[PDB]
Amino acid sequence: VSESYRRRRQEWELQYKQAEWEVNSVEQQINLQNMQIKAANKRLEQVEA
Amino acid sequence: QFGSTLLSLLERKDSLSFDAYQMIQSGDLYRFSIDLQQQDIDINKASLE
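Each protein sequence line maps, in turn, to chains Y and R. The first sequence runs 1024 to 1072 under full-length UniProt numbering. The second sequence runs 878 to 926 under full-length UniProt numbering.
Just so you know, these hints were derived from the structure itself, not from any lab. Just so you know, not all the hints are guaranteed correct.
What the hints assert, rightly or not - In silico DSBU-like pairs for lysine-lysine, Cα to Cα no more than 35 Å straight-line:
id, chain 1, residue 1, chain 2, residue 2
1, Y, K1065, R, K922
2, Y, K1061, Y, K1040
3, R, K922, Y, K1061
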């Protein structure tokens, strides 16, 4: 039983750390979307002019 | 004959003035074009990251 709990912990550790990486990735998405917004604005400005 | 001759010259002039104005006017769009193209380059950099 003791060793079983140990393995369970190993699993939980790996699991959470992977989720952590994913949490980082979404930030990159946010940055990209902001740049995209900038571009859209430029397009409008171009049409306007 | 003199009057008609002169008239034709004014028609010429305004033609040229139109074309000149049009060309310089069109020259500005490149500004926006450059802006957005460069912006896309940066966006691709972020994607790479």
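We went through each hint and held it up to the structure:
A C-alpha spacing of about 19 Å is found between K1065(Y) and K922(R), which places the hinted pair at or below 35 Å, so the restraint holds. With a C-alpha separation of about 33 Å, the suggested pair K1061(Y) and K1040(Y) falls inside the 35 Å cut-off, and the hint holds. About 16 Å separates the Cα atoms of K922(R) and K1061(Y), which keeps this hinted pair within 35 Å; it holds.
The structure shown violates none of the earlier numbered hints.
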